[PDB]
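Form solved without the partner chain, single chain, as structure tokens, below.
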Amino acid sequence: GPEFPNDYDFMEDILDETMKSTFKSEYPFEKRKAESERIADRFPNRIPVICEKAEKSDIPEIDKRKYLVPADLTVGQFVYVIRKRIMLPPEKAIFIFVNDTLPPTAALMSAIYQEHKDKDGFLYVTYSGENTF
């Protein structure tokens, strides 16, 4: 029994480039920057991470794509949380990319933030499975 949003049919069999849509392209830069600035004030010791599903990847979608990551949390630990959230069976694979790269699983998310944070203050991560449509 899928949990939200995976009780919805996304109709991937006709999803087009005219329909692709992500956090950056759905919300104005200025609104995004103001939100991460608010988080720096209100949750100072959290790293704000936008985590979204790679395009056409064969893996469940995620409800909350916005994470308040503890500063000393490793990449390995963050991957485990996403796995948990999409209820991915342990026998199926999951990878996260930063700048189209697999970060080293022992790396602190704080370090990845300092190296790769967006002009808008967020860290953008992409997750995917082994296959894609």
Given for the second form:
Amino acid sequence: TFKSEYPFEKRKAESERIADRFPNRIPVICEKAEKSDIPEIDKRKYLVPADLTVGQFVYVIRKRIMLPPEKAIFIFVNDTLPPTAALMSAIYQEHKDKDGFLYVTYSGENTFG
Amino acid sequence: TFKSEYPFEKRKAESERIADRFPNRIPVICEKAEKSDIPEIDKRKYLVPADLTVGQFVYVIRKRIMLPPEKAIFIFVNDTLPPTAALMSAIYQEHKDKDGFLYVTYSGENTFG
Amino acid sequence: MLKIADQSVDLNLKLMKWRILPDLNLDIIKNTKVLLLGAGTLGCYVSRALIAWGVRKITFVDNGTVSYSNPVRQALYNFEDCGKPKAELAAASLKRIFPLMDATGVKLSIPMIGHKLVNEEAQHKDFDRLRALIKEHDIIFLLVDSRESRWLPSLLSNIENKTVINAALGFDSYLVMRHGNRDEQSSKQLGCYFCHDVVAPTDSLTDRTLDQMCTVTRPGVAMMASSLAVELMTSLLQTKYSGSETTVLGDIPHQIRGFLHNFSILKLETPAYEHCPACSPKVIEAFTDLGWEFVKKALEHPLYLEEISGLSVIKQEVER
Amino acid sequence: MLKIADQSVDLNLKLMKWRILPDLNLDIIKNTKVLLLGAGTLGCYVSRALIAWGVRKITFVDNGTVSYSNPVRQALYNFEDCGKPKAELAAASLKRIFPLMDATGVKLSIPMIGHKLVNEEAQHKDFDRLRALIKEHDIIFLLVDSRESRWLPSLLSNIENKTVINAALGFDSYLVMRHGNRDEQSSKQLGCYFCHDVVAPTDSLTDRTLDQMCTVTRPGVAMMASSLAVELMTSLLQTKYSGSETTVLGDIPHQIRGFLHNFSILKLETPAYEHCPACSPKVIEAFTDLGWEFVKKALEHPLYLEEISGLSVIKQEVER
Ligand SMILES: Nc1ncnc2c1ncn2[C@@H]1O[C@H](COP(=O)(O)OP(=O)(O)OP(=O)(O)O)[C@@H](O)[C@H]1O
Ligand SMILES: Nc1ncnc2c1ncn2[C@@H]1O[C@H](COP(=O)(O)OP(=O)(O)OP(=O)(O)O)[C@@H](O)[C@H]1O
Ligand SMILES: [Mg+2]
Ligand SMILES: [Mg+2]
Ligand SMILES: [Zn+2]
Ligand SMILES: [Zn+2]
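Given the form solved without the partner chain above, produce the structure of the same protein in the form solved in complex with the partner chain.
Whole complex next, starting from this chain.
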């Protein structure tokens, strides 16, 4: 994990250094849910623009991650499913960790029955 | 409910007035779980002694409440089942609400299968 | 002996109202006509949970047959049943439990978006058949096993204005949720199974291999998802309380997701997403305007669907 | 066709290990001998969840017969089954699902503490019969419907050192928990069903009337409690991880309680209470020292039990 490899100080720091330098971007750490059965890449660090919607941020994730369009996914943000039509900024305003970053988890969507 | 009929001020007050007067007793509010199928009495206010165990506090509840010995019950303390062999004080030290009182819920124990 | 049996089951239901929840409405539940899209693990458990609740009219929709490994996981079929068609065996099965049940089994194939149309007329009949079934029932349970099989039913159900309870399993988790319904008086509509991603449901089985994904799940998920699914329906069926999102049977969540590794359960809520390839207003308009003509297009061209709902206008925006 | 069927079910289990959890141990589960005290709603669901997991040896212990209202809630019985003895019908029922199952039905009556002994010798035989059954199996599931019926099984199981998974339902909730086992090397023992109150289990049925309590529950609780109960057993059966209370299948809670009105689930833990009228050291000593002689006394004098465990020395202390 990201937090499991960096303390509050070093994490609360790169957060402000990112806010001070790019007041238009949003510090997001995106990684796959623990027990989910889908693809993942070393790029856990993302600095998306505030005007970009969750949907748009989701496209990036599955794109960058090389996920096929036949399989869907959902994302958690503090055990919550953010509206797909919400601005990544408004989300950051409500779910940002005290360390400056917005933690996001993605997992394969359930389809069996 | 008790909190539903009294604000933080009036509640954070009778708590200190009880601590200042009886530094040996423990301010406990005991009421039946919302959806439980068992007896309840208007006496929601209890000032038990710190050396008394949870078990002993449980005896009081079912006694004062007039509950038969054929039916059992369990108690919650911040969605937790306190060891039956613990001192009501040690419990108060860990689950007391910022309002000075230790909130306790009791409910009929499950026995069907 | 049927009378005395009927009376016995009936009394058990009456007792929970009479002695525990007098405000409880059992009649609404009893009379509810239920349509089960899927007669597999979820379909079997959900159906067992519904007769226990007193529901009398249940219809199974499934086009498969009882496989050798089905019995141990699909609680309505036995080993001797192997080879036989599911939907019907399933309805017969409920009757062996409660003979007065009005159980029916329709061997219907749900046209899947993303797959090539093999027989236009034949699959146009399938289409109308499904809509009629959704039209006559009150609650539709989407208990199929693929993302694609959920699209058409989600839409028709939205059009016919029926309540939909969607349940889907993962290896370690499960999702149970009710789709929103479009209300003229309320500018508030809850999302549907499809409002969570930005891809148009498409063929995911034809190209599938073990490499892609195994379909096995932990036995527990099926049982849980089913019970929660039925308890959601029974609560949702109760008049809610004036100043709250609760009823006599408690809350009425929009979405419920569970996980076995950490024995948890989350309640959630997601508003209808305007670019949903299923509940989006643009998609509803297209259906109301062109019926089977439009659906045939979405069915064979998932990307088309995206062009219609706007999922392209937003990826295209990010693309620049 | 039995071979091809066996292979089919087997492959489904193997796939979850091979493709998802390679560390998973299916053999331990398969070979586990399970004893089900109770063949009612919980017993039926738990048993269905266990064959799905691959368990082959399951024994039902129940002394009742199929009632008219049982079918709709007890998923192993049909309407035609009414009047017939449960335990056996139940084992027959599992076989109709998977013929290779080693299902057995023992029509045994569990002597209930608090009730008068009606036939010493007869109920002494019952006693030994039950202990033998607990002795031969590996996991005992306490799925009975009264507080009293849980006492003897809790104790014998503690004495024989078997793992016990206890499940009990309420109208709106459910409790699923594993009793602790006394370890010489570990001064840490988890509590049992009885460590939560301070009264000795006693007769609660003889005096019971509708006024006392109705036995009906919301259908959902049974299904949930069962699945969680089996998923607990399958996890608990996995070697836990060096520095944690987890395994390949996740956590291994001590106690799980759920509620339907607010779709919740809590994990909890309670240490063995020394004055437990079931797992208390004083009670174990008495049993090891006097066997059936002591039990006969507790059986007819619940208060005696209290005198033995110390539940009196503490109420007597508060009494002053
Ligand atoms: N397009 C469809 N039309 C009608 N029924 C369908 C359709 N797609 C899936 N089903 C039914 O949905 C059910 C899903 O049950 P389930 O997936 O649990 O078991 P299964 O599909 O039979 O095989 P398995 O146990 O390996 O998953 C099946 O009975 C299947 O026949
Ligand atoms: N002392 C006992 N010895 C053996 N079996 C028992 C004993 N006590 C209870 N049982 C069995 O435990 C099971 C509990 O199942 P359950 O309570 O769900 O249904 P029921 O007891 O048959 O009637 P109901 O559906 O109204 O509860 C029953 O099958 C019952 O016969
Ligand atoms: Mg399938
Ligand atoms: Mg019973
Ligand atoms: Zn939607
Ligand atoms: Zn105990």
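Residue numbers count along the first chain shown, from 1. Shifts are known only where both forms have a C-alpha. Take the two forms, superpose them, and find the largest set of C-alpha atoms that agree within 1.5 Å; that set is the rigid core.
- By the rule of 2 Å per CA over three or more consecutive residues, the rigid core superposition between these two forms yields one shifted run, at 130 to 133.
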